[PDB]
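Shown here is one chain on its own, the form deposited without its partner chain, set out as structure tokens.
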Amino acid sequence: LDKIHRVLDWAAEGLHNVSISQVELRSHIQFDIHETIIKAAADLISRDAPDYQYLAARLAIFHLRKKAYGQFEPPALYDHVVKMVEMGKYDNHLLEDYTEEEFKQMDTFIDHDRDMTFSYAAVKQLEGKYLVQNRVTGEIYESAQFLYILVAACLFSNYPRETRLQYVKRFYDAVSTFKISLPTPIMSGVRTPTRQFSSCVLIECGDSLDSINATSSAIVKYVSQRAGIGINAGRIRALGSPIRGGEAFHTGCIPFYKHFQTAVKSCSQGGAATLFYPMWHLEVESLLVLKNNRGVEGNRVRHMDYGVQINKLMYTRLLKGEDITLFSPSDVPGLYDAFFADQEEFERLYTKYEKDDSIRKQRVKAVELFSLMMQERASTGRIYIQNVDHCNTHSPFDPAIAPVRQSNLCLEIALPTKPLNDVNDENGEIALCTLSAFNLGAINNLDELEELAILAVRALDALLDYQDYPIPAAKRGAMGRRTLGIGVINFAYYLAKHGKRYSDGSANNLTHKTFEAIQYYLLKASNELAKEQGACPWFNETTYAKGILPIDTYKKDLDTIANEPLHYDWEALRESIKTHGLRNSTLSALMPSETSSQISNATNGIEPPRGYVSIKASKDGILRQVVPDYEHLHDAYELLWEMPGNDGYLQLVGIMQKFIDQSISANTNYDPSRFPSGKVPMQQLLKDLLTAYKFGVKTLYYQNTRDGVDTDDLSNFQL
């Protein structure tokens, strides 16, 4: 009895508005036992008493210590590692790379009391998928600090003894205090005998059976490792196109899309993919309705998402109320390449081919085509936008040599690719990206990002050499460009604690300032890493190599929505990059973070919270999560459906994109009740779309619709 009361007293230390009486009462313990107490505390998590999220977490942590060690106090780090290596749960390279004395020293870095800083949802995620445990019985073998210290130890294991343990302590401190947020594959895998860490894959399909086959094989290999897939299939020629003469005739893109879909789902009882194609593709009107609920199974491919690729010329046809001409890529020499790489050349070829009567083509009204796209985007939420000209005029890569011609599953990755002619084709290029994030809630000031960038960039860069590559074309891209994708979490909390909001423009200057610091320090870190270990082999293919920086090539319309000046010495950085190079071709990308950000109780990525308390279902109960410091900042927060429209948020995304190397998983959101007759007008959908383009937004991800066309009014619009 009192043994339980003492643990409750212990877990409630330093908490406000929590009642041990209530936990006892709710648990019905008087009528294993500790698990019931944990759940009762978690069920008391609310707006009025958010601190229950820490009471329940600490009870849970206490329980896991006993479960793993038979006592609250963890064993010595060395004794733990030895035991786990023998059990085959840790990688045996740990005992070969580090001596017993070094494990003793690393143990002195460890602060096990930091386990008491997790929220309840954080502990459940750790227990659920991160902590090393028994496959079947679910018996946990470790605690959170052992995870953190060994992730740091593995990633910096090859560092010289002069600096190695110093880096290990730095990184361990950074992650265990939630300054740096690591993705799920790293949190679960690094320190274990696995080498599978790639979570997102970008594959470009060529217009041939061999490439379609290779692409399919590559998809299968990577979905079996539960990686998200980005597929460029826009090159595949249209239905009816001649083949060799034609000695045969093309039976269409859709049967090949269907084959890609069964590849994606081949290891699902699941697999997720986004497929990309140009808006002017001859089959586009058929491709746009592929997810539509009503139709024949023969002309539907519903279990993939799609990204429609658009440039300025397309939008211009819309604004002028003119036609868009559709072509098969096979019938228009140079057009596909120019679409991504050279806009004035695209316009030259496009108008030329439009006037050529010998070329198979179809004409549709731009209003009609755009409306069909946004109609399907609204009903599914899963028809995405890629502004391919923005992705190449404002890019780390020289589009003449390494154009960006697609994205990933979640539309934040922007990397070069090359089609494979065989699954083992050494001339192909499959884009991979290693991810992480800065927790904007946990940093005290922006200059703290200097060392954090050094730690984050070096840790991920070492992972590139550490991880394995199931496909040669994937290794080539990774070793060649060493592309990283570091983003942010807790942005909403960050804005709230600074008294700014999403929708009114109050955060425009702060956002400019914040993401200037992020990119500057990321670049500086990668530049210093290049001095020490050498620039990435294909650095010469970047705009950085030419002394071109993101501050040179951003969408100039940003100047009209923010006057925050640059605070860092970009001109000195410019010279140093041009001279010493970068270890990594890309550093930044703003991913969604709905899972990994739970560890630090962060708001998800750059998104506003839906509510003050989020309710999720889990393996063994319901998980409640309260936004950071609700107690003091509830009025400061701006919830998603409290925003009047998308303008404010889109302006912020544009401001971020000024500095981001890759792209951003930008959402659009609509509340039907905010409109007459409960219907979002097509005019509004198009306007926001145009707004996004105006401020340099590269991609549009989810369209969220809350569950509970005058072309003259767009004529004055300046793209």
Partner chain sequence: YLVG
The other form holds:
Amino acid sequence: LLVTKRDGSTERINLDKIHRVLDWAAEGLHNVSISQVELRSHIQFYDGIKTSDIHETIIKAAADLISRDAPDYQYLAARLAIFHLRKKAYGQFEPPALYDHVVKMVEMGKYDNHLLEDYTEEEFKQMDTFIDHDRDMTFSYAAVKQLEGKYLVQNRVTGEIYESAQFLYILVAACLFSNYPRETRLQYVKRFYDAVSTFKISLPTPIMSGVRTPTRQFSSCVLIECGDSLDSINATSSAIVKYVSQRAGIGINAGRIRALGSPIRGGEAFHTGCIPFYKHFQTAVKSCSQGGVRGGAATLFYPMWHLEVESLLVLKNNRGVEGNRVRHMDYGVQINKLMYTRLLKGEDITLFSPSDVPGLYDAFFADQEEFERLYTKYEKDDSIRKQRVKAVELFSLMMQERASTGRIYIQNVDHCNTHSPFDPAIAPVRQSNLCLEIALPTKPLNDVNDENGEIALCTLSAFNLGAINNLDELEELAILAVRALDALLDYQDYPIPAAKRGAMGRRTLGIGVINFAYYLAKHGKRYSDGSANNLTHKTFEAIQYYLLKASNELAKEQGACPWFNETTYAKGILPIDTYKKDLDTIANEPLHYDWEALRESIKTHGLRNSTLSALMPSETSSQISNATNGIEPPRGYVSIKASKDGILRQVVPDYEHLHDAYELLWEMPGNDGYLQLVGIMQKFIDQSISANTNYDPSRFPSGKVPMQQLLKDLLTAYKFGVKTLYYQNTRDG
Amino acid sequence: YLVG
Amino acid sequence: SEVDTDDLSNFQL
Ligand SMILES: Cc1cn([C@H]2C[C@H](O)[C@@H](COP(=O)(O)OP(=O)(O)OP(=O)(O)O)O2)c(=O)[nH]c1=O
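Complement to the form deposited without its partner chain: the form solved in complex with its partner chain:
Time for the whole complex; same chain goes first.
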């Protein structure tokens, strides 16, 4: 009795239609009860009930029963939501024909017109045959919510949703491979499509939500290195404002800015401090947020020997004068072998202003021998202004602040340049990005449009380790992944000249993995005992091998990147030749691939891309594919997330058979197991990893994490060649 | 190949 | 915040 439709015209309720819909959705699921759902939603029905509401109600009801004991509610809820969205976009369950759709969308100005220019009507007709609209039924409720929330093309004001998952995927493919010769184009299109729609390859949000639409902005994070000059500060700041406006995460290197008290122009003026400028970089970053809060994240880097280091370290400590506080930015302290050595011998650390010690800053990253040489020399030189601190106090203060906030990050510069793809003398890595996984070379700007500056970019993607059956499937995946990302660099726009320079010069990529924990659980391994060490060595060998292979093949076809000659790769040096030698004591897995045959091929034909792998965290991307986040172990068997439409629940993949194989985050006794796996991964990764450190106060006497243990874990990490250190989770149930 |  | 240098000293970077 009495329902109202979308035109707002009354029809009577037919309660068996609803039933059928539910009945259909439940197909193949175990432990879901249609009755249960009917009961909980029928009671909320009323005369004059809009149809849309009817769907919302059953969806929610189904969704509210998601649990560890009945995980298939995830799919029952999802399908019902897929169905609803189908009707919401097309007016019927059946999606229109690709061509008609594109045409309409192009006319409405939601899709790029170039699509109709690049592909013929017949071509679209061919693509349509690839599409399998039934793949939409494999999504999990949490995934569908992400899709509906930030991927699908819609009108945010009105709430109209214009497309469905499969069209997204096929058109993303079409755009990325649109310049390919007609004799291969569509073969790639299909292959890519299959890879991404069956969750083998995962793509970042910017790409998924934008590629196929009129926009050209697709980079998520940027790296800017700032010079020690008002001209360069200004330029830097300008760049940041440009990039944060396009929702990009920023990574700033402000280590060269001189110290407070330092002489300016002669003796005519004395420097004011770095603080004042850091505050100015903060305002730049938050320039396009609501008030000065929402969005725009940045991570600032500085050497640990900077003269102002003690004032920089406590920039987040809430308890202090506003004047000496830059609270809304994360910081990365740069450390090298010498610094740790001073700590172990219990000696002192000498702090200097970059300006007063010629050649020290450069040596710090590029040559440890020379760094040491100059560092000692300047220590004695009495003319140099300097200040001594106990190694132990400095380290303690940093760890303290790291522990308190969890946002004081570490970057081992020496490791970053001794075991990298680049030659430190020509292009050293001197900073990282927001989430500490990118390591690329940068050169400071002297103006926003300065053509000789360099700004690195994050071009990302990831392999789903839960979706491949054997490591030899990576060969194909690598081919698609490297090829679509390489084409994207030539497709997207570059606001600042310096960002285009690096992008075209070196064509750098950052491909990592998702579902690592689940993958280990399937193989019956755990993080903390070292049982996964040899499997992880074997897995990451394959990944890096096939990525390098794919880039090399592309190089033959389209030519190596212009600045390929600055890489170590160009001099016949591979990741297996420069890794930290202590790794040999924690893993004996042998190399299964022909690295020598590849060594030659790279030397001869070069690489299309200078960097290929990087292990980034991934919240959104993992949800769509119902997977565990990046390499991290899951916090619990059910994840909870709040939304306007209700509480979102997502159950770990294959809980039903693997609940006992999983090792949850706080089940680990310590950080050793994880830290070793991280180090083993770094042997083959071209760039860096977003490694975390986790501590549970309940396992310590009096609920207080010992300083002895924080330094212990810090040194361990360095010993196994870890390049960077991200969050520090300190559990508080 | 390798640029030239 | 208690730190022992000796226990670290023997560590091999
Ligand atoms: C001019 C000026 C610079 N600075 C800082 C900003 C930069 O860190 C640094 C240099 O910026 P600039 O003085 O703009 O650059 P410079 O190349 O002229 O350096 P110098 O005077 O030694 O030849 O000094 C101040 O703190 N206050 C000032 O009044």
